[PDB]
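Other chains dropped; remaining ones untouched in position.
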Amino acid sequence: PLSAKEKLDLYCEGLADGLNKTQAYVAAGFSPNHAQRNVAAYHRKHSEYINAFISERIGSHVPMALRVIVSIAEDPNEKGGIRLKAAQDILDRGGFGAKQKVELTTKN
Amino acid sequence: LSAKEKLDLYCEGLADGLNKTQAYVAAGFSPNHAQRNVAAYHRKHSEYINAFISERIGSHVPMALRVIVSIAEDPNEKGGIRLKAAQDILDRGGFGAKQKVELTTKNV
Amino acid sequence: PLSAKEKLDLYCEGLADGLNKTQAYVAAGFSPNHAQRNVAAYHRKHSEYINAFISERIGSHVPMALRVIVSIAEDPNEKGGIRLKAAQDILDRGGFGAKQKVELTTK
């Protein structure tokens, strides 16, 4: 007796690691005999929620990436080019770069 | 069941074994009329197969996410690879690029 | 009792595999002496269909490439950068990608 969206979230969490749709479906608590078509219909209904959830899991891992990038930028034992790319990366994300393009339209 | 279930079974065989005729004969079809029916059948049902294979491509995204997270968190990986994976998840998380200034000239 | 279209499709498959205009022409089951002008005329007549066929042939190979990329992503003994590129590719084709650019016109 659980929220249908919460059992859907359990299905999503089980799908994110163990990589099988019907397996996560029955692990979400559905009919084990009416299994392989009902998981397909359920997935085809709530596709947009699944995409938003996957983007949420991507966003959950960003602080690790930030620590990695800063540590590489301040690492004295790294190659010069990799430090330069890390410093460039955080400077770009900080709001500094530029591009000047000149256009010339010779129409016919 | 419905001929559509035999078609999706045929699509499953096409997704794994890379042969039109082999996936045809695995569906339970004519072994004598082999080159004839699979070509017309495939040329008719293109959109369902394309949607099915794009769904199969999407089926592997948790694996790819786990791989990228592992490369970012693997302590013994090269500096450049850790930096590039971290840049990738930061970009997919919603932290990105920057400015461009335009200058428009026109034909005499 | 064979269709012109079917003969044409056999000629296209033979051109994709046996790599010669006159050779694939006669392998389609045609006249071997009235060939060198006739195969050229036949090719320039049905060019759009041959190109559509070749795109169908390219699409015939996408599951192999899909398996290749998934295998490269799942290989524990592969170089790090290549695994990363394979996973990036699967994430991009799955529908999660790149972002913004700001415009400012000085005219």
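Side notes on the structure shown:
Each chain carries a letter (A, B and C) given by its place in the written order, and its residues are counted from 1.
As a convention for this text, a contact is a pair of C-beta atoms (placed from the backbone, for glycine too) under 8 Å apart; a residue touches a chain by one contact, two chains touch by 3 or more.
Count of copies in the whole complex in this file: 9, from one repeated sequence with 3 chains shown in place.
Operating definition for what follows: only the chains that are shown with their structure count from here on.
If you sketch which chains touch which, every chain touches every other chain without exception. In terms of the distance between Cα centroids, chain C is separated most widely from A. Distance between chain A and chain C, defined via averaged C-alpha coordinates, is recorded as 31 Å. Along chain C, residues 95-96 each make contact with two or more other chains.
Residues 59, 61-63, 65-66, 69, 72-73, 79-80, 82-83, 85-87, 89-90, 92-107 of chain B are the ones that touch chain A when the two sit in their complex.
Looking at the complex, you find that chain A touches chain C at residues 51, 54-55, 58. Touching chain A in their complex are the following residues of chain C: 95-96.
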